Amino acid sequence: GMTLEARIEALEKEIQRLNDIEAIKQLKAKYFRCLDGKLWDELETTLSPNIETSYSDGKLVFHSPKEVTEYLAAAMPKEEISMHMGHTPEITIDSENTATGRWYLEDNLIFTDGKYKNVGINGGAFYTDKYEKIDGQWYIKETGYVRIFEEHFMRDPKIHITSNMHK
């Protein structure tokens, strides 16, 4: 049936897809690691320079990955321990340089100091991301979510936090 050339072409396309899926999984992994490590300069490298600006009365218009990370740093201050835990991705490669990804998030936040001292926040969400490939590298272009649930409460003050990377 098919020539060797045709069989090779098909393999090259299939492998490129698998390589792209794996790169996008590591991209999102790096995003969560840097977000929760508060490694803002490194986090910035996961964001597309063309990161999508979702339009709405009262929301911010971001002009750059740097502005996005300035917002995240303000939203995730030193006093806030965060864990953003990604599960069970569904990655679809839409074209040579675009992709979509679903991620199942669990998040746990603990405020250790300041106005929200001893507040805990837990929740879950289904994210839907868009990614884009620029010069052989994948970036996050747009990231949105539907909350499963979210809750807040006061932690028992007797809970002993014995390690905190942000201290």
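Superpose the two forms; the largest set of C-alphas matching within 1.5 Å is the rigid core. Positions refer to the first chain, counted from 1. First, how it differs from the form deposited in another entry.
- Of the residues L39, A29, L60, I134, just one CA atom moves 2 angstroms or more between these two forms under rigid-core superposition; it belongs to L60.
- Taking 2 Å as the criterion, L105 does not count as shifted between these two forms: its C-alpha moves by less than this amount when the rigid core is aligned.
- With the core held fixed, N50 shows a CA shift of 2 Å or greater between these two forms.
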Second form
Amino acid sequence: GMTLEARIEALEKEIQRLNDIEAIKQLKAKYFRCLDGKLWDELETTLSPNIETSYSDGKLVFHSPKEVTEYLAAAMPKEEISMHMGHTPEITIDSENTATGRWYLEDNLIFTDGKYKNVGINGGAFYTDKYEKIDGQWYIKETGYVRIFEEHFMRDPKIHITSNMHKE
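So that was the form deposited in one PDB entry. Now I'd like the form deposited in another entry, please.
Coming up is the bare chain, nothing alongside it.
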């Protein structure tokens, strides 16, 4: 049998796991919100401060959080509306300070002005993120993905874009 203290110890471990899972789901939510909102300084706070990290998605690789946000600010300019919509996470806490997260991504991109005016891009991907916990806080260290599909097309210029946060 188990004493009351043993049962408390078990509960403490279980609750810590659930708390970590929830913290990670909110971290990834914040990442997507900052990414699509183009809130680059805030997005930087989701990335690990441990610069032993190579900040990579398996394709693109950078050596600091600032390098990541400098790339993104250039790659995702005001003329590009983006939606990165995460679904159905599978978060595994791997240790006291490491974890893995599978996410099912849908992405939609719309170029409103410039050289790529009226280009639309839609896709899907399976991401597997790696996270680390530093001084009580979870951060994103790196990821990899399989692209389910991606399509590029020209949007009808007669479509009426009635709202655009990057103009308003």
